[PDB]
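Shown next as structure tokens: one chain only, the form deposited without the named molecule.
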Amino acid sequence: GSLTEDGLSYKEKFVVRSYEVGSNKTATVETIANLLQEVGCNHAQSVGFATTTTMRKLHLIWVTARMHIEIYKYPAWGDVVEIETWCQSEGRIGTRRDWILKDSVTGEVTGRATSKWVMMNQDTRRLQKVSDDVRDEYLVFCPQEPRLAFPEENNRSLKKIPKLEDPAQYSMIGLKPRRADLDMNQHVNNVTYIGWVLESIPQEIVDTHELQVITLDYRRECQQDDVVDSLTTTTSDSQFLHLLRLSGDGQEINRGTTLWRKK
């Protein structure tokens, strides 16, 4: 992988692996989300990091508030996918990381993704606005004119998501993370939550449809000793409303929506 000519974005190519594909012999949405995360990490590394030196002193970190992914074509096993990523400052609200997925052979856009990030103290877990000091250190690595993976007005990446009401139409209960679900800092990897959301989608939908769009809001993290219930209700293509909550007290950890296209 490498930074582009202007040094304001990063590209990397990936060969889709045998264990990364589902029943259709194409990459799962979890494989795609892991690849987006990997190219974001390589981008941060290439420009010197995604914590700045002043964030490290103040015990501040970037946390995902929302992830939105749209896939037109999932790459097949053995195919090469090229992913371009970049970051943008959204004033004192936080930052945004965007991605464009392309088929390396044709050059066509096969997918796009966007994510909203907020600044949090690692210890108290309290959200803070972005200070000028931190903003100035990040801006030299971002394009200053707008660059949006989802430019369109009233697009699906910025839609408000409601809270699923009991009883849910479908459910998968007692979900718990194992060591492979954790990142290097022993926190549950963000991609695991996408997997848990999808566990309450019936197998008949997965067998007859392809997932086209997924929007996920992250409210609270699942700890290593927590147990999660995944709830889904059809709102309609087929659209669903989703809710992840702790198995015991019913504390919300995530909410989202999915849109599926008939094969």
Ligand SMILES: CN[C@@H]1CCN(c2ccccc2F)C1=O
Second form
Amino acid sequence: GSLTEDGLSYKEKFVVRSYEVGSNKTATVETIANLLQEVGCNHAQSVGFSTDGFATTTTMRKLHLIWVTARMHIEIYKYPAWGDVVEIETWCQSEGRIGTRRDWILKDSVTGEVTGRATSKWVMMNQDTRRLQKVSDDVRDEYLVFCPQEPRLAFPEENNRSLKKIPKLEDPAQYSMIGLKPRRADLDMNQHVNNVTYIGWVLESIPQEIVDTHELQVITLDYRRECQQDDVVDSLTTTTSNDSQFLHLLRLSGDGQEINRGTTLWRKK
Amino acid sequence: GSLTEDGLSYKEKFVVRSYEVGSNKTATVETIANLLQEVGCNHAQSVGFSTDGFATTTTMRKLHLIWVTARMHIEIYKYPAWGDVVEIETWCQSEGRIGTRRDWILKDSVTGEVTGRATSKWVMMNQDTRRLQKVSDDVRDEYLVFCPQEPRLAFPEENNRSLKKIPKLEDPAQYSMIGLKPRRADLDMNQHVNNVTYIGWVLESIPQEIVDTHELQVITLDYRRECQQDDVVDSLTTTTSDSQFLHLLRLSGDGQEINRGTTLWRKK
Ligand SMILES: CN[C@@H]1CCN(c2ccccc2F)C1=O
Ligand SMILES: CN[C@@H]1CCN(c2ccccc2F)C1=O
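Alternate state requested, the form deposited with the named molecule bound (shown: the form deposited without the named molecule):
Starting with the chain above, the whole complex follows.
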């Protein structure tokens, strides 16, 4: 991988592995999400930021401040087949004191066609107190030089799905997968549950028949709270709808505390 | 990746990814196991075998025959750091009518030093009846041309760890992790639980303090039965001792054995 000519974005190619594919012999949405994370981390390393998933500066580390994902939105047109080379371009943009946005474009390396796109909203938070805070000018100035200044949106459209408000699923849920627990492979280098694990947990409550006869086109996921290594989660899904749509909720198995909420849109194969 | 000059082995380089590392900033043993699987699959593709993890020929497919792992043995000296390039060489050897053996050597791409080694025993089985077959003659002839004929062993030493008999853990276990279930990410392209998931499940019953103060040096795992997508598993561990543990994975209901193994850990 490498930063592009103007130094305001980063590109990397990946060859889809045998264990990275599903029953269709194409990469799963979790393989895609891991690759978006990988190219994001390589972009942070290329310009001197921390590489632990928190993209900190020396200034942020002294204050115990980290960047955390508030929302992830992914849209896939074609999942790359096993052995295919997918090229991913990523960039970051500040959104004032709200936080930052990281976008991605996925392309087939052979044809050059856009096979997918993703956008994510990030907020700053104290690592220890978990208290959110707006971005200071001193912190902002450290990353503005690595971002394009004119707007560059992976989702430019007026009424695009990436900014839609997600409602809270009401009990009873139509489907559920109960008692989900993370294992050591689900943790990152900081012993925190990887954001991609939550995508897998959301998808666990989708009936196998939907998975066997449909392809996932869009997934939007809001992150409210993190699941600890010793927490137990319940994944809930209700059909909201040629296309199928679902509303999702991940909540702690005991008290029912919300950890995530989201929507999925599936198209008939 | 590519087959070597003599066409009797296969090599491939891998760059360790950010999500592939543990709390030590080095690749986990599950990342290693996935990479061994990947290079094995690429070797099968390179010479015309099936790429679904069963390494079948047109002859085996007609008979509904597959290759299945009976034992996996991995020894790691140095886990590659994130961003490091690890080079892996793999080859296969027939072991008569018993089955086949696939070996691997892991090396640091920068220094050329051997950082690890693995060996695995495979047996032939009918996919549907799950009944073992003592290989054939026409099936054997199909793969002998892709294997070295003189012995080439990743673990040459007589009476080494890779061939040790593993005993059955007795109740009560000293440690346990109960109610483990596979999710869709744990399945392969055939909707079967990936062999690497069982390695993760074995390690789940090792106390966090062992993991925090030790490095895994050797893992030997016997595979007796497959866990279905709707099965629930209990992982049991007892200290036998460097630290050594005896392991058992059994179905949560009836207690039916799915795997047994041993791990050897070194103080950091
Ligand atoms: C998570 N958002 C952060 C904010 C700074 N940042 C970033 C900006 C430009 C280049 C590389 C970078 F890592 C992020 O990715
Ligand atoms: C599982 N063991 C099988 C038996 C044949 N085989 C093999 C041999 C040489 C080259 C490529 C190969 F796939 C295996 O790996």
